[PDB]
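Encoded as structure tokens, the following chain is the form deposited without this ligand, with no partner shown.
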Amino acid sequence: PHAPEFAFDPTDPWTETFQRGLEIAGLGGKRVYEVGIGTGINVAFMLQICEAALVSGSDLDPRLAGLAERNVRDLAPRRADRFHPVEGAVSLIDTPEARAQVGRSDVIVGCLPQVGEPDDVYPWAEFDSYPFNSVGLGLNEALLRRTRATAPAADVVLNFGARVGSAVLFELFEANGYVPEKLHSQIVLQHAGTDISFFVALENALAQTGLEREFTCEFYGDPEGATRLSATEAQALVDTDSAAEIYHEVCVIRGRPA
């Protein structure tokens, strides 16, 4: 009954949105696998604040597993005995060990590369064929094919920019064997350098049939998400003013198998 505000990072609104969803997910007592553990701070968060029973994970970069280990031992010293990462270079979960560990997990979590992520920030062309790569989420769909096969009973909890709308995000789960549920969302502001052509091209794109398409992306003018904008609209306000403040939603969605 006391929100752990001190815990969520004050720096990155994407990671903050993720961590708040992880807290809501209810990871207490579960085995959890994180795709792309990075520096390990999410693992530390899930161990210390969420109270996961066990956490494993992997990264594409082999040096990151070892560095994640220090961090977890520094930041969650009295819970670090429960962090068992998988070394070494692991794209998605594509090694036998990563597969074994995913196979034993109750929840798979991640914030994966996706069109629309922040610039500041996997191999990439082999995911181009995925149907949901048409909205920039191929890599995310690639993981859902793997999780459904290796751990068919586990939840999958993923972080998304929601410029394409929640009907599409929910579709990515429904198309792949999972009932989706939005755990948490937030309005976030994007850098002034962010490119969004991709998003204007989306609403200007003919279907695929192809016939029609009066669809519109989701942006906001205020940090409260009061004033909706299309991608074209938004793209305008920046042609008007290069330092115009543009907002979109980031949200955490859990897919639960049947």
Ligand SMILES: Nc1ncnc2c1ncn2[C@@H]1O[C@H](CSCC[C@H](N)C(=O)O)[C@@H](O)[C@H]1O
Given for the second form:
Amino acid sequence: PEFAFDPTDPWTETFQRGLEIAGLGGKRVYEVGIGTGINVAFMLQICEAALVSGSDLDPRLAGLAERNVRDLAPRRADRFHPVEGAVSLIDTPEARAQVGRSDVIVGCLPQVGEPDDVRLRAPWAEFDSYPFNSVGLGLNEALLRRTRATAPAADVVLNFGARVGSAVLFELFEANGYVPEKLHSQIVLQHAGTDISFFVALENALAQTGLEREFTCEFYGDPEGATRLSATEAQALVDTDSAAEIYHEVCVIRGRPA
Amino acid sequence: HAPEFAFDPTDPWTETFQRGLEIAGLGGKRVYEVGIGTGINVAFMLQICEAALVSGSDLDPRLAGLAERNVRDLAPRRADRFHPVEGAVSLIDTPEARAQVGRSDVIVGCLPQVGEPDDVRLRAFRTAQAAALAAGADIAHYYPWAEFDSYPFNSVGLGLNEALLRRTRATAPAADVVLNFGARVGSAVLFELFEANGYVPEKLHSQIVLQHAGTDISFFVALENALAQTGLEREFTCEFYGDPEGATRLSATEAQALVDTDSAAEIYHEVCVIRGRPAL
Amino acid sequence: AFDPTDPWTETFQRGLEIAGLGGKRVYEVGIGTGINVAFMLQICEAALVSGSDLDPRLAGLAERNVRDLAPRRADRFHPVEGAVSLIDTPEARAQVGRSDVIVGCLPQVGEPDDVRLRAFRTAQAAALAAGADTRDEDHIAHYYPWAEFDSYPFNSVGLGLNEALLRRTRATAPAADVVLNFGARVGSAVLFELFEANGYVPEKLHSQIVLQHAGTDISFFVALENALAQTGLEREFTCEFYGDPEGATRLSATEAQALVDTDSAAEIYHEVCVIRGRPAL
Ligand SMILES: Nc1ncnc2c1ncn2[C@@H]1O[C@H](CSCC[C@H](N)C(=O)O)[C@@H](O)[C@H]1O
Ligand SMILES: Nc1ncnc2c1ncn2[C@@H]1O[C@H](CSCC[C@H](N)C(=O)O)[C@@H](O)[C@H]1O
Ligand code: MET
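Switch from the form deposited without this ligand to the form solved in complex with this ligand and print that structure.
All chains and molecules follow, beginning with the one already shown.
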């Protein structure tokens, strides 16, 4: 089914590819950030979810995502029950009740390193305290706190830029009650006009305390990930160059609780 | 509905707490107060809220002594429902207190936090002297703050509140938790302190209160110059108000300014009671 | 009995003796050479013991070791193979999931500086008393690991890996006691907070005053006494050092760095204690 996914958006594609590997067959799925519903359409038509629910921060997409679903997978669009309203993460009673019933919570959420291209406009400071905000995933840690409390037996499947390393993405889950599994990964290319200052800032400042530290971000010179390079190095070609071609992993990780 | 007399209209922080406590619905519940202090809150929960049973503790072990006396003199017909745990108790960190918390339906508290009236410590002291008359002329004494500095929400001055939420979730996972906050950092943060720690927040009640004159707000000004990376920028504006009604808003700097020009200007902020319900 | 050349492990083993593991099933993170495994088996009388180590070979070396040190028992020692950081393999979680007590003496700012060197030597000694007669693969090339634990709140006092462990045990074995060895330079309240912050009630099982080797850098602890709180407003933080072997004469990190300046070689002691975390039952 290499026709279902579309290579237009590599982030979205690796998400859907992991969603498939996830094994959503006959499950109740909640999607945080349904956006336009395509992932819902995909999870209903290709992965065969028994029921899909979800929400979005934007009060209007929930309704629009019902159309696309009705149009893109008409025969299964009666298993889609969005939760309407401006729902940040899962913070309304209905969302919690729906999340409380799901087997799998899935999403691809804001995180430093996402393509700027997003929003594209046709939720930040309260998350700043989170320990894993230090590497840009505060919002993702915020969801895991809620999921472990609201549905402690549900899987959680999330999409990540992997510039910060796989050991740390895994630690985001281990720190919050889940054992992670990488379901799918892909090397993508980032636009040429994209700012990675935050990642070179990572490998330069010191540890929690004034303590010694070695750390390098995972970047790639080629679209195959053959040659590696640190945040400081990939910024070189983009200093002596202007359109150099930089790559980084994007991956989908499942967190499965005890 | 509780008449308009039981609420302390002399200290608005306590008044907000008490109006909150009555909306919380403590009738018939077993309550545990972190920091019983003088016990006037206990008197209120027994006499006005109809608590079936109120327990609690305090860091200074003399208090619970005098708390009984005040309860007895304010709620004589219900004083037999008040069983505090004796001894110096920090948060709930003693076996007796953990045993009491584990049996309570609701844990309530108006804990130390950055932004509280700067005269709160001094008031407490004085009361120690007095009241502790029956002491025959007589530690930490104040929740140290070193050990609660690791907590993430200590970044907004709520580390001790967070330490409690970490304790209540482990020891009384079904219990509601009702806490008093100054709301300078805004309700998004206050709610997130609960969501981050296992609780669904609900704001029970809130008031615009006047901050004493000459109160330091530099910590809150410092929060707005929200330092970049990692990462990175953030617009963060604290919530202050110029008029009691709270119609005119200001930020920590816009307020640190109002005072700059005219010392004595009037600066208001919100105090609110939030309940955490475990998604249980 | 114990070794006098290694206080941390003397106090750690003592602790184990006080924890009352008679009858229990235990899991040790960082089994190393197997000396605590034998110590629990033979002195503590544990029902059965399991454990793992980051170094993937130690597990093989350990079973042998035990067999020689705990020949009678030792049938009750089932290690888990593989390079196991903390408890992060399905087999490890399986074994942790069914233990009554997880125990560990784990890397941490303020551990002895020569601790990596003692382990190399201890591995070298043991894989000779069992063969050997090899080269220098008795050797953690790890480095690897430390960065993923940088986000943990208690890593600001150098206990990040220890916190990272508690998050795992709480989820994997919510009813299990967790017994851990710490240098108490940052103070007993901070150590207690580490458990209390992560769903455990702490208890100090045993504590010893130990000598700091001279030469040990302690600028990190003096740095605690100077930087401000997360506020960041002023803070009052004093580390717990001592001037004497009995912990009579208290002393903070800054003044302890005074001495060393002055004398360049003064004794300097601090506390090592075993704390059990027990979760609400
Ligand atoms: N705090 C929040 N809670 C719920 N949904 C959110 C949210 N913040 C953003 N969203 C929604 O999440 C959707 C995707 S935003 C994440 C895009 C991702 N970086 C990628 O490359 O694919 C958007 O529709 C947005 O409305
Ligand atoms: N991340 C990790 N996961 C599991 N075991 C680890 C580990 N890091 C180190 N270890 C193990 O811990 C042991 C030595 S660390 C011991 C130092 C201790 N502070 C003391 O002074 O006594 C070795 O067996 C080592 O391989
Ligand atoms: C055995 S790894 C030890 C390193 C330790 N975390 C330190 O920085 O002191």
